[PDB]
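One chain comes next, on its own, written out as structure tokens in the form solved without the named molecule.
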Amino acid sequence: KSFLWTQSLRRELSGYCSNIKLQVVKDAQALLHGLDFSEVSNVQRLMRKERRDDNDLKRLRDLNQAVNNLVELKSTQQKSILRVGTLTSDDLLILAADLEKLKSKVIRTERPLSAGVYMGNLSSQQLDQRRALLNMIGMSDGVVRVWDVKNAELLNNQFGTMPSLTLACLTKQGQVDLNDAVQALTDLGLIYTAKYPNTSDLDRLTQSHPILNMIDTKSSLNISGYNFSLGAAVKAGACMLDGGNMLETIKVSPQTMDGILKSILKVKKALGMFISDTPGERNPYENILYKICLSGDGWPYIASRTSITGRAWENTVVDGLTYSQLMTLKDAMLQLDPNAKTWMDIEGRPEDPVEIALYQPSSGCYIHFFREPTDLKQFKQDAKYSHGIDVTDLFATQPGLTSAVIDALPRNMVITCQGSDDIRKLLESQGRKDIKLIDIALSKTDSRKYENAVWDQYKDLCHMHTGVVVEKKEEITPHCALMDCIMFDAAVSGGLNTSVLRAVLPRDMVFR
């Protein structure tokens, strides 16, 4: 039982819990006196949209920043490095392992909302599986995406619930006294000390506490802090309580972060807690671990966190692809349209490639990754005459992607390329003889007509090409497998449009 994990965590983490009612009420009062509740209404309206764009995200960000301005309970940016001490060597191994798993669960739950899942021309079975994933992650051409934004990073930390905001939006939007809302939330917390409240429980509590009618009882996914979900209601009430060992009231500091994680691992081991291999709602451990590693200075469950940058696996670090990374990769490749024109290009010989890219012009999605060379001698000749990569810069990239990606490519996909023989040689070598190739056969001059246009528009998309490259001598622009795909397509189309491209692989995957 998730609730048992929760009660176990409460018992063990009791000493880090605090009475915070006055603080939360105080912040709720600053919202009531300072915030525009018609903008709260407006962000509720945007979150009701099936498809939301950059203008929508900005209205959410600005509102989140107005709230963060008004409240005192906020987490501040704080990177944590965990070293052997209070945490043992083996504790550290457990944590790094579970952080890796949590990252896959979280990416697979949340990234599709922005990256998208192709839902067009596919088999009955592919659609059924994709639909299953879409439904489990709260998602309701042919690509389905909720957020169409230019920088998906701006979605980070913008959707947390906070007790002060919940209490203020109940008071103002439900049109009742603060005290009325605080007592109903109290009455609801008292329940949570004993069980996870359900619909039935809500219905009875609403009898005596009509304010609680605002609360939707029927997930925590694809929502915001402005929504009246059961989780946000139950969270706010856990704060209304004199004592109770509520996990929600925990405050973390650099002094207490290791001791709290140590206590969590003690509950984990005792109870067989685990990070799920499956997308969706967080279980109580995935939830605590995520919230704590986001910042070692704040209130993990209840503070304004909308000004925090980075993800939990990035803000806290422990000092082939795994099963976890392969699932994440598999789900990222669902964005691809298997029927669409697809370019592929490589740098390196096919027998020893160090840069690989695939590009789908009509949608703009691309696959771009790297690989450390086997033959160092041949690599240095290639660096000088072709690609200009410093091998030392490839040490930071993730291995095993080449097999994993090519293993994962769509059946009978049709790939277009300039280098046809080297592509075919590479795909044969990774056991993928079934993929049909189109050789485009551009002359050298024609192929590079749009080289400058392409670098001027897309230079930010690759930082790997640092070496001076020459042709027998005179300096030339280095060859980049991604730029090469894009410029070949421009050459074939007889022009290059202004267009945002969409990275299919998470950057967290290309690099380690």
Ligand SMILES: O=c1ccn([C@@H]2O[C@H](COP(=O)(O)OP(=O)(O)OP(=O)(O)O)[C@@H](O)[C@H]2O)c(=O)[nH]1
Second form
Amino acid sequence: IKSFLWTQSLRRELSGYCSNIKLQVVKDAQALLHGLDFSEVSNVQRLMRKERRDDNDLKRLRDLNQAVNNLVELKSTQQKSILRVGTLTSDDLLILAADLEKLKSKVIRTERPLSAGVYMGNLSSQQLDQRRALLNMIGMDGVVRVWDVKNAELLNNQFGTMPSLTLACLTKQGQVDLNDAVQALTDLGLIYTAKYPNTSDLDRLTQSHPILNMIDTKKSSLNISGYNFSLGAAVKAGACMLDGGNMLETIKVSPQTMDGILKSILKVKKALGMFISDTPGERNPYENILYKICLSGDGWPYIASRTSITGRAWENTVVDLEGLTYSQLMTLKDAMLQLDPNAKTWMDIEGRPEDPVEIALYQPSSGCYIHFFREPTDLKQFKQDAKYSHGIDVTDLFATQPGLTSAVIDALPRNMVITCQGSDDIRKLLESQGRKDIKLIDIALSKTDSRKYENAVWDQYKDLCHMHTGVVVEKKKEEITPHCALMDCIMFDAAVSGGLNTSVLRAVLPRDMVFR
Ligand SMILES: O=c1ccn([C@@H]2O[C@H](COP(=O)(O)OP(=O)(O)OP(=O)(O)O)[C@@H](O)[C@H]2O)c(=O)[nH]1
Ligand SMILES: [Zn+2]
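For comparison with the form solved without the named molecule, would you give the structure of this protein in the form solved in complex with the named molecule?
Full assembly next; the chain just shown is listed first.
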């Protein structure tokens, strides 16, 4: 296979950074066997069998992770890394910039729908099939979601496999002696020196080593945990049982060696034409090593406990030197799948329709919202708007992502029906953007009725917009509350429905995309 060729070439080029870690991995497995509550491993295992999990299920997982991370010596530390010209060339850093940007889009498109969700209700045959095809790639009110959680950033890094845990769970849960588990994984590792073990390989191994019957081979790397017995998990643990063999799983990184490692990876990339793919789902060898090494400047990126790490690899490793990309568009198109095209949808803008600076759409029934900004072109008019309506400081918009207006409007589902307050302006912007299919309801609240819930809305949802800093005034002058497209949708809807309800809203766009 192509994939094993990349793996073997990466194994030769990085041989020097590999280490002999069997002793430590077995010591950690021994510390878990003495210290961990395996009924709580079984409890997490039950919770992962559930098609739909909540924050109560996440706490049980996070808490088990922390208890494992306390018992073990192989731990990765929070180590952010800035890459600069030197060991890496100017060209090296540009290639790495592009690859991490592509990987960013790949991982978001794979993981984010597990929590953001994909609408699967009243839709065409064509749409449902495409959506099912995406759901099958990534291991997954008519919205399909696996995690129903308040803070999705708490899923980050809680799902990784660890050889010491796999070894300790195979022993205790499998009911065999540690020696018998190491034997089995050692044998699996041996195969792994020459090929990636297939179901035919496990089947044959399991005849001499019964413990490996716990591995379900028709399973997958996705949507599972460090407590599940994937072939991926065993193959990694088996690769640690070697001491020698140039196994990638054994590599150590420090800030002393991170640049050199990446440089060697880049050598293999150029030689074999490795790439980040644009398909969500399972990672090729390169996508894998890059993701892992970038997660932390200090650790064993393949085999350490990583459950304490906050941040994404593209956040923890950055490149430095002195519209949306295709990768960003793909991300966005996928994010939009959360929308119910049949649901009540509000829209509101700040700025004139020819030059909007804040756009928002809201669907009250599910609670999802689109919110983003735009640099104004006509600065003169923006200053009057700041003073009289939105109090946004033009300098604050500098850190926003451009290109969103065209791309979001372009991807609004067909024949969708949008409610607003003063349809006149939205029509103009929708028309300027190429969407005359979108039908509008104009609601015509009076000024005083439209703002009945203004204070109610800011009280609940203030943390959802920080853009409005300026003192805003109206002539009789009196100080007023600034106008935000988002709060305006929310408050107008509450005004129509005579009441504002208490529950989380769900941001349709990743924040990693509203801002650069
Ligand atoms: O909320 C989430 C997000 C992601 N995941 C799942 O976690 C996976 C992260 O898998 P890892 O990136 O942690 O790779 P790994 O350490 O386990 O090493 P390998 O086994 O891949 O060789 C992702 O592929 C995703 O499907 C969840 O289970 N829940
Ligand atoms: Zn706002």
